[PDB]
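Left out: one protein chain. Kept in place: all the others.
Which chain is which? They are A, B and C, in the order written, and residues in each are numbered from 1.
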Amino acid sequence: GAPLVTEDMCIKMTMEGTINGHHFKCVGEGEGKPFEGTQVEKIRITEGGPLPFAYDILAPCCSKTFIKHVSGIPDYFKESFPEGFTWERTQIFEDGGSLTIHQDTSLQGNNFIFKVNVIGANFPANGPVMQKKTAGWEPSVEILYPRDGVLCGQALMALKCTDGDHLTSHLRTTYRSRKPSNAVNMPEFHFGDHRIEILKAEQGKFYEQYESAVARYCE
Amino acid sequence: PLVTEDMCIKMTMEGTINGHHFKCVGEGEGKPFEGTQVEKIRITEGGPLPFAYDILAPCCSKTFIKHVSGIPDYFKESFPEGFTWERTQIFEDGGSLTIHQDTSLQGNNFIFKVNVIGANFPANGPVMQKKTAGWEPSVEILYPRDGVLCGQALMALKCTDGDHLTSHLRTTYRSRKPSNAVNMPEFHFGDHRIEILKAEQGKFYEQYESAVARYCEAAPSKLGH
Amino acid sequence: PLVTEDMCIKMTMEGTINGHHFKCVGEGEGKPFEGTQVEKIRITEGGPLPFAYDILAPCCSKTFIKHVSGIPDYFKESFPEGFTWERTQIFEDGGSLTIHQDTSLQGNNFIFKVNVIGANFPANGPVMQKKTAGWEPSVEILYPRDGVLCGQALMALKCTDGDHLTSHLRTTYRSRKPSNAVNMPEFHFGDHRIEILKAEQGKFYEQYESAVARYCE
Partner (left out) sequence: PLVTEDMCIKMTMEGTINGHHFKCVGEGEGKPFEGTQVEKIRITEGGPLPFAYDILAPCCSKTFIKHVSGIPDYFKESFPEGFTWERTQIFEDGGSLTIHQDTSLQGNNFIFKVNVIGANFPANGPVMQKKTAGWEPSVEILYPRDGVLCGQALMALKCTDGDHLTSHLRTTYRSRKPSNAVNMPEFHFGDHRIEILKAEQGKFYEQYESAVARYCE
């Protein structure tokens, strides 16, 4: 039936959770080109601001429908609608900090609706995250592979620090399409290039966030 | 004294495991200083659970720990302010749990508020296939770091085939008392034994625990401790 | 200066994996600036291997990486001093590898000395049951830390049933060149593709690799 993902679509996000005991909430509105793999989002901290932790760790928590797929690789996420999908992720930082995320992605007309829950634990008191000594993400590469009827992903991310060092993390994600399994055109092993740029940061409250993404094979 | 010989438990828990939302409510009682407690947990939403309940049991109570050898009770002494804690539990087969908990004191009742998110539990693993049979007793190591109490522990989940499914826990305990008033313990161990006494209708569970905070006693050292 | 368009490889490796001792010797060649190489490996002791050879392949060569976009070659520029590296590889099923490697240059030959210890590979896992079918291409992130070059990567071992067995690699690369003379690169990626050309009688293997150092393109 009708194709539900358009050249131009918008984003509505609500995210709440707890990082090292600190409760917070934020809302996001954005837009992008799903098939060109580009998107931009404006995030407003609505509760718990100003954040006592670096916003940068929220960034990869704030969008798998906006990925350009090349080489005929099936789009597990775009093809999931109208049902949509959820995903679960644990991100383990090398200094002990850890993030676990549950996300819900649904489609409402021209708007992707994102619902995000986040719990963070054991971020070191004098680490770059809790001290806010971070300076954005390096581009990262995710490996995507099928397992037991759903799509799994793992990636390494490198958080830039204001002392010059990188703070790395390991991500494990399971993506769950709500589509009938037999109706799933599951992709094969492939890569996902993600580049996140925080265009603006204001008053520890307002953040403009840009991402370009591509699903591809090696070279 | 704010903590007495016999006290009661009121718990609310909400979370999502591998995409499945659930809520549960607990009521129980125990002897804080004898390090024993029992709680009745009802799954109020998302029941019957599509996963093994056993992984919720250690999410469902640090005030009921018997402290020996003069080890300060970071949890009992935190009141009336109380405390929070945060924890990530990594299972050897890829599954993971992250928990936030709030512990406060209302008269004779300890109030527990728990939020849980679980990810990447293997579809055919013991947890999602409900092939578990309770926990082995666990030893947590407790040590101070940056003004608060940290804890790490290995947990061994018994499987129905006779095997064990192990996991690694990292927890930060955060007392709400002013740092000036905190009486921080030194490095020590926490023995925890969990027993699920009842399961009824995949919706009602009875859970008992005993716990002791101690130093290493089996292999002694020339200067304490 | 010391690295030319065509060079050879002489490798010696010994180690123990899940209690099984082994030794092997390798001889190969490649084009350092085109980022390609091939090598013939013979299990000289402990053969036939009771484990999948596939896990040894990423242990058997950083001088054969094509560097684009002006990225300084930490490994090629390390000579004549050369370099060492240390790596731990953790498999998702509990198996783990730790490797020490020594790389030196004698005339036209790169000299590789490799030590490996493997622990806790599951008895019925793909590695010990030899149910593996080579590696997916992998991406390593390279970044400077405390005067030397660090590397992390995820690797995915293909299994005969179709599934993947993933692992996490953490590596520190140590140039023997004086710190003041080291031309440290910035954060970048490393694409590695490993193909096992031949695998005979659990003792004789041919191994090909193409590698590229690049930014996010």
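Simple rule for what comes next: contacts are C-beta pairs under 8 Å (C-beta built on N, C-alpha and C of every residue); 3 or more make two chains touch, one makes a residue touch a chain.
Asks: Among B:48, B:80 or B:137, choose the residue that contacts the chain missing from this document, as touch is defined above.
Replies: Among B:48, B:80 or B:137, only B:137 touches the chain that is not shown.
Asks: Per the definition of touch given earlier, which of B:164, B:174 or B:203 contacts the omitted chain?
Replies: B:164
Asks: Going by the contact rule already stated, which one of C:80, C:147 or C:162 would touch the omitted chain in the full complex?
Replies: Among C:80, C:147 or C:162, only C:147 touches the chain that is not shown.
Asks: Please pick, from C:47, C:122 or C:202, the residue that touches the omitted chain in the full complex.
Replies: With C:47, C:122 or C:202 as choices, the missing chain is touched by C:122.
Asks: From the list B:109, B:129 or B:152, pick the residue that touches the absent chain.
Replies: Residue touching the absent chain, from the options given: B:152.
Asks: Thinking of the whole complex, not just what is shown, which of A:52, A:96 or A:153 touches the missing chain?
Replies: The one listed residue touching the chain not shown is A:96.
Asks: Residues of subunit A in contact with the chain that isn't shown?
Replies: 94-96
Asks: What residue numbers in subunit C mark contact with the hidden partner chain?
Replies: Given the touch definition above, subunit C has residues 16, 18-19, 84, 86-88, 90, 94, 96-100, 115-120, 122-124, 145-148, 150, 170-172, 174 touching the missing chain.
Asks: Provide the residue numbers of subunit B that touch the chain removed from this figure.
Replies: Residues of subunit B in touch with the missing chain: 136-137, 139, 141, 143-145, 152-154, 156, 163-164, 166, 168, 187, 189, 191, 193, 216-222.
The criterion applied here is as follows: only the chains that are shown with their structure count from here on.
Asks: I'd like to verify one number: the distance from the centre of subunit A to the centre of subunit C, where each centre is the average of its C-alpha atoms, in whole angstrom.
Replies: Taking the mean C-alpha position of each chain, the two centres sit 31 Å apart.
Asks: Please tell me the distance, in whole Å, between the geometric centres of subunit B and subunit C computed from their C-alpha atoms.
Replies: The computed centroid separation for subunit B versus subunit C comes out at 43 Å.
Asks: Going by the contact rule already set, what residues in subunit C reach two or more other chains?
Replies: none
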